[PDB]
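Peer 1: Residue strings, one per chain:
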Amino acid sequence: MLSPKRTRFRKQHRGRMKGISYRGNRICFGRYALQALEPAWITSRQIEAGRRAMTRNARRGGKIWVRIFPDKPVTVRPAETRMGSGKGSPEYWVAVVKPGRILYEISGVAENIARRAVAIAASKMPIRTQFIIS
Amino acid sequence: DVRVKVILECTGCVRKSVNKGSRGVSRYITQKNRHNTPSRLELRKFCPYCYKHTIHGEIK
Amino acid sequence: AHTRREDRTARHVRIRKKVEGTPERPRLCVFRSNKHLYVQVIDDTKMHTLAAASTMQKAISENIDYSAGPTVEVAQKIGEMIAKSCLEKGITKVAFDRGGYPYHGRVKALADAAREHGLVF
Amino acid sequence: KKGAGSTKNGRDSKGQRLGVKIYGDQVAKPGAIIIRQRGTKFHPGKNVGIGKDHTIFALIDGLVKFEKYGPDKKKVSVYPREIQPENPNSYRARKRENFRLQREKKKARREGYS
Amino acid sequence: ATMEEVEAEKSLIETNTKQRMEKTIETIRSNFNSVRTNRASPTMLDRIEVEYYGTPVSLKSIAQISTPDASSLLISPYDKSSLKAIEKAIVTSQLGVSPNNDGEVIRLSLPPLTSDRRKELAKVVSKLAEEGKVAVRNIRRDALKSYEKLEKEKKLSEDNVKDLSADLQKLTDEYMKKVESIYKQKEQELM
RNA sequence: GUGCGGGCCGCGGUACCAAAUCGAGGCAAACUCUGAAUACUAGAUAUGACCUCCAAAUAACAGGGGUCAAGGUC
RNA sequence: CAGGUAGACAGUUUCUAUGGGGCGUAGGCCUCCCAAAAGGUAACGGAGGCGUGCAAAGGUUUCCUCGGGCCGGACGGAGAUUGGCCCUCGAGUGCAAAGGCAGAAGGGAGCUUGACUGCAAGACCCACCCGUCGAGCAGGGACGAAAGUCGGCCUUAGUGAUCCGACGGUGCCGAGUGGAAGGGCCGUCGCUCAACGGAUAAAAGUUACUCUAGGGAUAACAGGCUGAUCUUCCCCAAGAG
RNA sequence: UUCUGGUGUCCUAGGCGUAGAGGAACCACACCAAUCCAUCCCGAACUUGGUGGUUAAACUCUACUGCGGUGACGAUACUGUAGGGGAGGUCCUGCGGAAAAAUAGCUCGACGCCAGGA
Ligand SMILES: [Mg+2]
Ligand SMILES: [Mg+2]
Ligand SMILES: [Mg+2]
Ligand SMILES: [Mg+2]
Ligand SMILES: [Mg+2]
Ligand SMILES: [Mg+2]
Ligand SMILES: [Mg+2]
Ligand SMILES: [Mg+2]
Ligand SMILES: [Mg+2]
Ligand SMILES: [Mg+2]
Ligand SMILES: [Mg+2]
Ligand SMILES: [Mg+2]
Ligand SMILES: [Mg+2]
Ligand SMILES: [Mg+2]
Ligand SMILES: [Mg+2]
Ligand SMILES: [Mg+2]
Ligand SMILES: [Mg+2]
Ligand SMILES: [Mg+2]
Ligand SMILES: [Mg+2]
Ligand SMILES: [Mg+2]
Ligand SMILES: [Zn+2]
Numbered sequence: 001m002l003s004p005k006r007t008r009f010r011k012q013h014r015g016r017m018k019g020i021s022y023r024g025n026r027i028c029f030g031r032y033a034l035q036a037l038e039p040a041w042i043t044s045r046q047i048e049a050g051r052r053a054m055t056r057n058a059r060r061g062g063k064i065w066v067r068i069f070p071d072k073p074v075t076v077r078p079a080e081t082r083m084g085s086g087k088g089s090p091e092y093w094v095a096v097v098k099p100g101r102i103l104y105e106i107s108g109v110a111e112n113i114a115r116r117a118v119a120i121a122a123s124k125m126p127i128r129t130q131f132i133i134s
Numbered sequence: 001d002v003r004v005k006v007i008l009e010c011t012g013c014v015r016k017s018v019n020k021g022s023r024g025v026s027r028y029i030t031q032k033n034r035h036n037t038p039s040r041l042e043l044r045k046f047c048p049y050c051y052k053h054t055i056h057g058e059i060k
Numbered sequence: 001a002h003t004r005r006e007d008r009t010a011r012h013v014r015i016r017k018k019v020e021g022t023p024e025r026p027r028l029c030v031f032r033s034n035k036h037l038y039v040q041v042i043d044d045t046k047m048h049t050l051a052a053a054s055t056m057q058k059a060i061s062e063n064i065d066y067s068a069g070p071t072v073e074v075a076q077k078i079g080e081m082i083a084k085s086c087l088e089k090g091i092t093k094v095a096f097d098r099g100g101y102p103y104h105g106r107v108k109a110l111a112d113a114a115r116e117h118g119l120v121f
Numbered sequence: 001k002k003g004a005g006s007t008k009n010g011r012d013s014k015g016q017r018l019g020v021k022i023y024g025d026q027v028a029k030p031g032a033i034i035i036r037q038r039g040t041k042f043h044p045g046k047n048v049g050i051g052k053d054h055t056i057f058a059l060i061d062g063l064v065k066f067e068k069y070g071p072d073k074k075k076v077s078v079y080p081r082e083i084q085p086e087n088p089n090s091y092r093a094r095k096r097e098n099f100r101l102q103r104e105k106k107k108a109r110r111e112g113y114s
Numbered sequence: 001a002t003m004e005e006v007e008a009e010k011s012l013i014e015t016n017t018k019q020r021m022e023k024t025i026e027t028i029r030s031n032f033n034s035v036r037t038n039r040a041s042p043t044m045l046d047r048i049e050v051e052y053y054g055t056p057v058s059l060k061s062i063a064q065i066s067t068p069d070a071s072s073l074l075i076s077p078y079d080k081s082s083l084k085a086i087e088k089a090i091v092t093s094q095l096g097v098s099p100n101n102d103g104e105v106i107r108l109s110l111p112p113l114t115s116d117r118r119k120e121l122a123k124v125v126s127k128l129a130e131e132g133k134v135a136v137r138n139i140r141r142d143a144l145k146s147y148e149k150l151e152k153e154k155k156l157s158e159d160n161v162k163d164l165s166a167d168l169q170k171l172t173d174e175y176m177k178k179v180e181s182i183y184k185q186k187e188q189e190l191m
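Protein chains in written order, with the working numbering: chain V, 1 to 134; chain E, 1 to 60; chain X, 1 to 121; chain W, 1 to 114; chain B, 1 to 191.
Watch out, some of these pointers could steer you wrong.
Claimed, not checked - Taking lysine to any residue pairs in the SDA-like style, the calculated list, with each CA pair at most 20 Å apart, reads: (1) W:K2 to B:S157; (2) W:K75 to X:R16; (3) W:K1 to V:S85; (4) B:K155 to V:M83; (5) W:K68 to W:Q37; (6) B:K170 to V:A122; (7) W:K2 to B:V6; (8) W:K2 to B:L121; (9) X:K17 to W:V27; (10) X:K18 to W:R94; (11) V:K124 to V:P4; (12) W:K2 to V:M125.
Read the hints as simulated data drawn from the structure, not as lab findings.
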């Protein structure tokens with residue numbers, strides 16, 4: 001589970017996932033990538049599964065890069081408590097993802113191995129994605 | 001009660017003055033610490049009755 | 001580190017943010033070099049110099065004669081001629097800018113000699 | 001059912017009504033307050049004073065002006081204005097006098113009817 | 001009773017439990033292994049010592065322990081003079097086995113499982129599980145008192161105690177299932 | 001990538017250990033080298049409608065007179 | 001007559017907010033965010049602080065610049081003290097935060113008490129009561145050669161209305177008159193009245209033996225909304241087999 | 001009208017760095033002395049009074065775009081307003097307004113007053 005070992009503040013607002021990323025949608029590292037197409041939240045557990053599913057498949061020298069880090073808390077109140085009485089404590093961490101933001105990068109393998117492994121990790125995500133060439 | 005408010009009385013004013021100008025005594029009030037200033041606190045301040053600045057000293 | 005010329009300019013700006021030349025009380029500033037004195041009288045609102053008195057003037061260069069640098073006696077002459085040059089213009093009040101240098105010394109003699117007659121400062 | 005738990009928060013001070021009171025190209029009387037601020041976000045310029053709380057106040061009657069006090073700072077000044085009046089031919093002047101005329105003529109018809 | 005106080009009072013009391021629960025589950029497992037239900041014995045012969053030139057020394061240092069079969073054991077003594085000393089210690093230890101000799105080595109033969117033994121032995125297995133459950137219930141019994149002691153001292157609320165107490169039972173009940181799980185696998189060993 | 005100190009095998013050598021910096025690349029209500037649209041404040045400009053008509057009784061929208069409606073402060 | 005002394009007896013009090021009430025937590029003031037580019041703006045919303053301190057850490061005049069990194073040098077080492085170089089506001093400003101301040105509002109030195117008296121045009125703020133800035137005038141003064149500056153502190157929390165009382169002063173009144181008692185006036189002091197716009201100088205609990213007036217504005221049962229949770233399926237397939 | 005020095009205002013803040021120029025005058029440094037004055041020690045600085053050696057350092061002038069500073073048009077994001085999709089997250093259209101960033105490009109200041117010199 002990726003998360004900061006330190007934060008200036010332990011709690012933040014929900015936010016607002018409007019627009020599309022015009023910055024983190026270039027393939028600098030790696031040859032083939034995974035590009036998103038919908039705005040949604042992405043947790044550390046999801047990235048952990050997508051990494052292992054992508055890494056466990058590409059045995060032969062498959063190098064991986066994760067272009068996303070959560071750096072956002074998510075609070076949940078204690079179970080079966082009434083409203084009010086403050087804000088709940090953080091439980092897990094979330095990554096804000098918009099259409100265009102690249103999820104992963106792959107190198108050192110063929111395109112057939114990429115489409116076969118990239119598709120498996122996309123099955124783990126909560127959104128629709130696409131395969132990119134560069 | 002380390003800090004305390006101190007009362008300053010004019011040295012030169014007299015009680016029950018029979019003058020025509022003005023009758024009374026000048027008296028200010030200020031802050032003053034005891035440990036940082038164990039001595040008295042005398043200062044040359046204005047006196048409306050004496051028509052000049054005079055040394056106002058601690059009454060107590 | 002800082003040199004004499006740099007520290008001099010700093011001492012002149014800290015003074016200038018208080019004194020200000022006006023039509024009613026112009027600004028009298030002094031500049032002493034290693035071999036000459038120099039004086040100006042300025043109305044800062046108009047950015048114009050009304051009067052001046054230098055060591056290089058003919059009416060006084062023939063009179064005084066210094067070998068190394070201008071002495072206290074020289075400053076007494078500069079304060080005298082500038083005063084007569086001010087009263088003819090029709091001004092008496094003035095603000096004294098000491099040019100960043102200390103008041104003690106030749107600067108005092110220039111002010112006193114100029115304050116000795118005519119001017120009010 | 002289960003319970004709840006209080007917080008260690010809840011404190012906040014009310015708005016102290018800071019900010020600009022008079023803007024540029026607007027009249028300002030002597031002693032009138034232009035800015036109520038904490039620090040010198042704006043410095044004092046010409047024909048203007050400064051207070052204990054860095055409160056900038058005018059000294060004469062004129063219009064406010066904002067300048068830059070160096071590369072990356074700003075100040076305030078109050079220069080005198082002109083004395084140009086309005087012509088009687090303005091849409092505002094003709095309309096203003098129209099009320100005064102109709103108000104008197106309608107009055108004249110009130111007592112002048114019977 | 002601020003939230004920072006509830007977390008601290010929860011952290012102090014709870015860690016004393018978990019650190020105490022692990023001690024019980026560790027020692028309870030040792031109580032099962034001491035029953036010695038004739039499965040395999042590389043361990044039984046370890047605690048028996050023997051005399052070798054005026055030195056009490058364990059059997060492990062004097063000879064090797066090899067298990068050619070689950071219901072037997074072979075001892076290969078390097079010294080024939082030390083062979084008889086091994087036979088003395090096993091009998092004086094009163095383990096419940098009749099050692100034999102073939103002139104070179106010592107062979108044990110664990111007896112079979114009888115019906116009378118299985119029932120009397122099964123009573124011991126259940127008895128140890130009872131001693132494990134009461135050990136947990138004493139910890140539930142000790143933890144809830146401390147929450148009540150904080151309540152009487154007006155450092156917690158009635159609302160906080162009912163939440164911690166109800167949440168503390170969930171912790172202990174998890175450790176309870178470890179007691180039956182160790183008991184289930186053991187009851188299979190009786191057959 | 002460079003690898004400060006050292007751990008590693010070591011009188012000083014080397015794969016592996018991270019105190020800074022470089023390049024590439026991200027995030028932030030309580031970060032900002034920058035920075036809108038609206039809003040706010042003030043000022044300036046401008047024929048609201050109808051009737052009767054100066055003239056012609058076309059046009060132009062052109063004057064005068066009259067009537068009505070409409071905004072705020074204390 | 002006075003002192004002490006049994007709820008034996010009497011008359012009464014025993015706050016409110018609250019995603020029902022209670023147990024808890026909180027109650028006033030200051031700073032940032034939420035607050036949506038004027039101002040203002042709620043929640044048991046997120047972060048922290050105040051109930052002071054200084055006789056200089058005030059006023060005035062005047063001279064200076066911190067901090068970091070590298071290098072050199074006995075004890076001395078990463079780091080005391082000292083010299084120099086480089087970047088330049090990254091320090092510091094009694095304390096929380098924001099904003100501001102670099103020849104400075106920061107850091108020293110000399111003299112000093114304006115940490116004044118009597119005022120005050122005109123403004124900001126705004127239910128009310130409060131609160132804030134302030135040119136300028138007289139008086140008598142400090143610093144400075146002078147021009148000029150000073151009506152406490154770089155700014156914003158460090159605080160409490162009224163009634164009553166107390167101390168000092170006073171050219172006021174003085175129950176027939178003269179005095180006096182007493183009172184007024186001016187200057188100031190006295191409440192963690194913190195439940196902080198303070199119901200009294202003075203006040204806690206219990207009721208299942210109970211009662212009245214009301215409320216679906218407000219809980220428990222059920223219905224309904226929601227679907228965290230629960231139940232029942234589907235997608236990917238690392239592996240077991 | 002120019003050169004030197006002094007002194008300002010405006011300003012896109014006009015500086016760093018590199019390469020040149022300047023000593024007649026002007027500015028500056030260097031050298032010597034010390035009780036008007038000064039050093040929490042020190043004539044370095046500050047102050048008097050002297051010798052004139054030097055443009056070495058500073059400062060002034062001339063050039064540049066290597067850092068630095070400055071910075072678009074256009075397009076897009078965003079947004080007012082009238083509407084329309086999607087379970088929702090959120091998206092689209094018409095009219096009007098319109099960036100930041102980057103790049104091109106600009107930038108080694110502009111204008112006054114006094115004295116002296118030509
Ligand atoms: Mg606020
Ligand atoms: Mg009773
Ligand atoms: Mg009693
Ligand atoms: Mg009654
Ligand atoms: Mg209540
Ligand atoms: Mg707004
Ligand atoms: Mg606002
Ligand atoms: Mg609130
Ligand atoms: Mg700082
Ligand atoms: Mg200072
Ligand atoms: Mg009487
Ligand atoms: Mg008075
Ligand atoms: Mg209240
Ligand atoms: Mg009963
Ligand atoms: Mg009964
Ligand atoms: Mg209802
Ligand atoms: Mg129920
Ligand atoms: Mg219900
Ligand atoms: Mg454009
Ligand atoms: Mg730009
Ligand atoms: Zn007196």
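Peer 1: Taking the hints in turn, state whether each one holds.
Peer 2: To see whether the hints hold, each was checked on the structure:
no., hint, in the structure
1, W:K2 to B:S157, "13 Å, holds"
2, W:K75 to X:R16, "19 Å, holds"
3, W:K1 to V:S85, "14 Å, holds"
4, B:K155 to V:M83, "24 Å, violated"
5, W:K68 to W:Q37, "18 Å, holds"
6, B:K170 to V:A122, "37 Å, violated"
7, W:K2 to B:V6, "15 Å, holds"
8, W:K2 to B:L121, "46 Å, violated"
9, X:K17 to W:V27, "28 Å, violated"
10, X:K18 to W:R94, "52 Å, violated"
11, V:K124 to V:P4, "23 Å, violated"
12, W:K2 to V:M125, "35 Å, violated"
In this structure, the earlier hints numbered 4, 6, 8, 9, 10, 11, 12 are contradicted, and the remaining ones agree with it.
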